[PDB]
Amino acid sequence: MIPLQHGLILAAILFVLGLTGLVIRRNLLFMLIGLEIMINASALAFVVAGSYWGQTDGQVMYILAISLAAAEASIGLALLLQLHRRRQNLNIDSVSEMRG
Amino acid sequence: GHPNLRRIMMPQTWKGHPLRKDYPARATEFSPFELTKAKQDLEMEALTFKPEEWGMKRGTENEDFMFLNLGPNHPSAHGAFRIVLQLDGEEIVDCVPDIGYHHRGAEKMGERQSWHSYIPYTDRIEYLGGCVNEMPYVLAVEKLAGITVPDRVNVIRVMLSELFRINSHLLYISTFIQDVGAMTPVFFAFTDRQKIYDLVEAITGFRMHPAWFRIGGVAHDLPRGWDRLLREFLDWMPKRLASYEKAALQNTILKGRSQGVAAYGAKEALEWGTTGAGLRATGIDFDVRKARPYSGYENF
Amino acid sequence: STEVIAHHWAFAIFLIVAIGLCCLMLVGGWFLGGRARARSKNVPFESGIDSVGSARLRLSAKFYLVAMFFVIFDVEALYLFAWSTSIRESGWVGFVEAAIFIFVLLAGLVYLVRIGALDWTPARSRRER
Amino acid sequence: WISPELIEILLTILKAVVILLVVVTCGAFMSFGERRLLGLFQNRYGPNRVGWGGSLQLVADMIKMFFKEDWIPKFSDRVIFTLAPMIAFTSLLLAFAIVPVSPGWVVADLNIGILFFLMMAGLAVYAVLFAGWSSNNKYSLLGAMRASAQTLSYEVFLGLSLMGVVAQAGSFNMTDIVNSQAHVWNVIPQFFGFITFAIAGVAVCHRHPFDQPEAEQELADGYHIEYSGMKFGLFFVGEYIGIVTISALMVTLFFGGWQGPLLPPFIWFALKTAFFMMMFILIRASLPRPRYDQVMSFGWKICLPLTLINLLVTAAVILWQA
Amino acid sequence: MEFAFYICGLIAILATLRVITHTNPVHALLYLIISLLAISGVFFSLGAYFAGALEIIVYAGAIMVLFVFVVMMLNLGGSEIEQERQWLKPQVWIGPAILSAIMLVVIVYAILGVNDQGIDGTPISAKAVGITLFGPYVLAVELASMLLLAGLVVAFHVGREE
Amino acid sequence: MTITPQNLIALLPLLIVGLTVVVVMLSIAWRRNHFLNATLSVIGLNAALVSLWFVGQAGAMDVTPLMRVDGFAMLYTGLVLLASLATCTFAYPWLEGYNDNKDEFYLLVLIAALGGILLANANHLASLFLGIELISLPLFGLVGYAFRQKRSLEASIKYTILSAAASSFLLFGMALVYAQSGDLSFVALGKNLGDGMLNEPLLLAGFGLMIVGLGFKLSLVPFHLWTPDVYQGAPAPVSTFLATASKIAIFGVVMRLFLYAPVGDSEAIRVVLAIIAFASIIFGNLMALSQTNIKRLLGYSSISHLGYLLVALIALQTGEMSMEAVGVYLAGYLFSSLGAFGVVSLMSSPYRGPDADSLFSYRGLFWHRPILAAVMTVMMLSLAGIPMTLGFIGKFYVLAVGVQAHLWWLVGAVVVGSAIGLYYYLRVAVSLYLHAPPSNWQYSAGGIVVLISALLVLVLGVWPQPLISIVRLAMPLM
Ligand SMILES: CCCCCCCCCCCCCCCCCC(=O)OC[C@H](COP(=O)(O)OCCN)OC(=O)CCCCCCCCCCCCCCCCC
Ligand SMILES: CCCCCCCCCCC1=C(C)C(=O)C(OC)=C(OC)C1=O
Ligand SMILES: CCCCCCCCCCCCCCCCCCCC
Ligand SMILES: CCCCCCCCCCCCCCCCCCCC
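Chains as they are written, first to last, in PDB author numbering: chain K, 1 to 100; chain C, 151 to 450; chain A, 6 to 134; chain H, 3 to 324; chain J, 1 to 162; chain N, 1 to 437, 445 to 485.
The hints are simulated quantities; they were obtained by calculation from the structure and are not laboratory data. There's no promise every hint is true.
[Claimed, not checked] Derived DEER-like restraints, expressed as beta-carbon distance ranges:
#: 1; chain 1: J; residue 1: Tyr6; chain 2: A; residue 2: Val22; range: 20 to 26 Å
#: 2; chain 1: J; residue 1: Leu76; chain 2: H; residue 2: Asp178; range: 50 to 56 Å
#: 3; chain 1: A; residue 1: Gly53; chain 2: H; residue 2: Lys76; range: 15 to 21 Å
#: 4; chain 1: H; residue 1: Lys76; chain 2: C; residue 2: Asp435; range: 58 to 64 Å
#: 5; chain 1: K; residue 1: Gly54; chain 2: J; residue 2: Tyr6; range: 19 to 25 Å
#: 6; chain 1: C; residue 1: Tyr444; chain 2: H; residue 2: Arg51; range: 48 to 54 Å
[To be verified] Computed cross-link-like contacts, SDA-like style, restricted to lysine to any residue with a CA-CA straight-line distance of at most 25 Å:
#: 7; chain 1: C; residue 1: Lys405; chain 2: H; residue 2: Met281
#: 8; chain 1: A; residue 1: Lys67; chain 2: C; residue 2: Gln236
#: 9; chain 1: H; residue 1: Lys76; chain 2: A; residue 2: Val57
#: 10; chain 1: H; residue 1: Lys303; chain 2: N; residue 2: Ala29
#: 11; chain 1: H; residue 1: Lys76; chain 2: A; residue 2: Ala41
#: 12; chain 1: N; residue 1: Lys150; chain 2: K; residue 2: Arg86
#: 13; chain 1: N; residue 1: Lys102; chain 2: A; residue 2: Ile120
#: 14; chain 1: C; residue 1: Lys405; chain 2: A; residue 2: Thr126
#: 15; chain 1: N; residue 1: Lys102; chain 2: N; residue 2: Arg32
#: 16; chain 1: N; residue 1: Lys102; chain 2: N; residue 2: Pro445
#: 17; chain 1: H; residue 1: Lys76; chain 2: A; residue 2: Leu37
#: 18; chain 1: C; residue 1: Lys293; chain 2: C; residue 2: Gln263
Here a beta-carbon is modelled for each residue, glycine too, at the ideal position from N, C-alpha and C.
I would like the entire structure built from these sequences, with the hints used as guidance.
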């Protein structure tokens, strides 16, 4: 009695919200929340897709997705640590030395 | 050539030097203490730690240091002690121990009270010492007068000094165990302190500040039956001490919190004036009760 | 069935009465008892004397690596959560695969312990000497 | 509203409300019992003057806490400051909301169970974190950081300590767990899991010796020092229902829950829960507090590999007898 | 259950929108926890009980360490808030807003063209996920453990103080 | 279907690489020894490369719902293992330039190699996803290996954010595709449709999002802007690995996904891939015109060559010749990038400080280091598709495949891009010989590797029949 289309629309809405929060924010941290939002929206879409067909494959893909989310969050947090230690500021528009 | 010549007993907003002979001693001579808003603000700003005056280098190029005032009124601060401690995260960078929040001017009182009336003031110098605080003052006064005390006076003063030493060491052990984290043995330790207090109440007539030693002797004689209470305490103590050892002082958590923490060698204990337990723990066997025996300590 | 609906209603009422009791308790705490008018009321407690700066300074921490390793090991933990509820039906092949999994976990933890990670203690004491 | 289904739903709702009222009242009564039991452990009596045996001391404390000035600091974030006692009071209550106290007496017979307990612990950490950050105090900041480190230490292995019981029962349901122990209680096959869950569950409520955030001696009561009024009482009651929840959870996953030879099942559940509550008061009184760096080292290097080895051995034993 | 799914979707949408347009990092993290709890409610509505369980178990651990880094780095009183306020300008966010809107419109139009029969809401236990995870999907688990090992090694190497 | 010891034999390089990854991790934990760890990495990769013989003697098998092993997977496994071995060989002296710890580099190198094996044997959407991230994450590690450097940290941050966003896009597209289809295997992505109803907006949009993610992974326009910044920022062995092994592995899994799925018959996907290939060739060849830096020039070169590869991949459905053309050009591309980036690695080794400049100054290289200059100039001769080199054989195969299926716009784009590539490649080659104003056996080993690559390029350009024969021997399931 839940259409699959509404769940896919919800996942797409959170996906574009995370993309917007990534693009409009120059803070590296808020980019990391943005990335977590897109990853969790894709995982949510996999969960609805698996629930429609009655298969555990969507939940397995969710597990792989959150494993990737945790690993990428740890690596981005380490890079944010290094950037804040070696530049004393967390603006991503200052990371522009390589160009042309 | 002194690095930081600043006041350590009196606040920085203090005029005059207290131990000079022309400075009046009593608070009734001066104006009474009126605490107004302006004086409260000025004295609260004077007590504020200013890190540039000690060269603290507040912050770093990457991350800032954070300053913490532990005392006064901290459960781990055993008294009026304030330490101002600089932290990077958890680690301590440097410490500025600020004292003077417990100044009573007892030397100026020694220039204010007579020879006999100064004994309660000597007794309150260390409030866990009592007769142990009394002993050097009355011995120095007897040196001044030319009085040689008899044997019974020496035995009585040695007994009271050892009783108050047991009381002080019991309190010290209980506070160390509580500061490690075990809150149980302090109650039993204070029960043994109550036994010692019963004995000291029997002899001197007071619990913790006896004010009992005199010039050339003691105040009263020993009452009829002090040996019974001493026998009761000497039976009560060693089993309780073994219980405290087996409950907390052989605990591996207390050992982990205690062993290797703030360790220093003999050179640090000598150049910094450390005496008592630390100096003997560094291997320097300099005890006054053996090297320069006072009050007939050669007979024990 | 009937029992599932009954348990769902019981859980919903449990949550509703829990939040209601907590909010009523907060309201009764806030509305009963007089207030205060003092000069040094709105000062953070730093043991009787004023602060040097504020409480919102950039505090360092040595727990960063352990935090990331905690997240990674909790993901390995969720994998073992998924494994543990179906051990009997997985058979011995699943046991061998989970043994390889836990062996990789143990090798990673030994790698963390030996290289100096999970060791952020200050070099002064370190429970030494 | 005259139907057997509707009266059954109403009876289940009444049972859930009765369970909630009893566990909250038992948490407050066991705050009073902690005072009395610390008196007993430390060779005294504690409060035995307000009524018979001090039984009205709790009412006097409740009256004072309600009529104490509930204070919100100006330098604090008000919403977070008010929100943290709500989480502290409610998260462990919802964790208790899955514990089966008697056959036919359970709020929610979830298919997740101990997963829901892990969820509620992970939500309960935010109460302490938000109380530390929101109050705008340096001691509270240090207490919040210490609480975060301790949470790292225990939550790295809490679920893995429970996975031995989960694997032995073969399911995540609570009633299946308490029915799998109909022959032998789970403390004997899962003993290393038992001690690791004991360590992690004392670290859940931040009770002694794991009172790193609210350390009385070290940080002068820690994170809730700006907290006053009935919010501090909410912190107390929340930690006490946390203790009740962890005790009842050990009863269900290691001692058969309600299962007993002679007494009625709720009586056995009550005796085992009260014994573990007594063990909580004893574990507060008995051994001292370690340094939180050594606490995290012990929780990482010792407890986590022990839980992994115990899970492997339990899986091998289960598949051996199949 | 249908109402639960719809209200959790609405709460997740509103909380995510408040996350991406907030200047307080701790408040943004709080709204993020609210959004992830709403996502968990969506998961629990659809019969994926294990997905919601792991959404509350390990993501609350993930947002925990995000909070530790936020208190370790960003909080300086209002100085972070004004600095974030001067960064966000109207043209700055209306730039990619129309791009996200047209992307959402295209994705929604592609979604609406698929055949549907409605999700029956049949629950999926963790036992079936354990069967499939350690059955047909074994090397997914093993090489995902290797992936987590790689992420751990990289986090160690880059995150070091010195 | 379950796992058999025969399936264990067919999985030999993956098992060997994982086991030796555990081995080098335990050796790092035992003692921080650089020589022993790098050596154990070398025998681990070589053991996988020689277990390829036992995999070939085993045969083609559908080992998992996930994995399928055949000549396609074996060939791409061999290519990524050769790239990993070369990356270790060139990374060794640069790491003796490194002041900090030097042991995690090889550990990440073989973890990325394991991801390459997983992508090579990938016949599932889950395995494709896991291979992409198992390749990406060690590259996040290796690009920011020298975090004290400005450019390495900047490129690490850029690659991490962009690849996490691309992984999010690819995951969402995979979720939409699974929502339409209901099965995650490659062969079942569009099986329920029939009678010309292969086009459906949800499946098409899902495959478009995976196209976005994969085209990020192959630097396809307009997901190409990271390539010069990451290539310049990353260390030279990291640039070697990212140019060779990553590109071969994701392009092999893209070829697999577009061959075994029935969605390859759809004309709209073919049209948008033709547009992407045209834009990639023209943009990558045009942006390397006025480049004064060798690394950004090679990044745009990677963009253009992946455009040529996509041009070859477009004509897969009609002609039966596109797969061996893709394999031949991928082998030539691997050897060309290995030689060129190996010369960059040897002239960048040792690591002479992070604060000191890492500028190349290729001008006048022949007058002091003549052998490396000879390898570099024959490498630029190979990259331009000039005869007596393998790059011409790859370009000839691509052109013949495009002519076979009548894709004339791609042919014209290939010619124009080859002319611009001729210009800048031969400008670099001549600047190697103008008038500009070590002492260890591992640097000699790197010199041997670049000399072997140059000789292989010359021999297989003069005589390309053995490469064609061993590529056609890698005959997968039609
Ligand atoms: C309902 C739930 C609750 C039920 C109630 C009953 C169970 C209560 C369980 C309480 C658990 C308390 C755990 C306390 C752990 C403390 C660990 C710690 O911090 O140890 C560190 C300490 C020193 O470490 P060290 O190596 O010296 O320092 C390194 C510095 N270079 O290391 C040492 O001193 C070494 C010894 C460490 C001992 C660790 C704890 C052992 C197990 C817990 C204690 C026993 C509990 C009862 C068990 C059953 C008794 C019948
Ligand atoms: C826990 C209830 C009291 C137990 C019995 C006393 C415990 C030891 C108190 C030690 C102490 C002393 C003597 C003390 O003088 C002092 O400074 C004012 C402290 O800080 C508050 C102390 O902690
Ligand atoms: C000290 C005991 C703490 C128990 C906490 C949980 C109690 C919840 C309320 C239970 C009420 C019902 C008890 C069982 C009733 C049915 C059996 C009656 C005969 C024993
Ligand atoms: C200082 C550097 C700042 C960089 C900010 C970049 C912002 C990019 C915003 C792009 C908005 C595009 C909106 C749609 C345009 C029309 C559709 C695409 C082109 C056909």
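List, from low to high, the hint numbers that the structure doesn't satisfy.
Those not satisfied: there are none.
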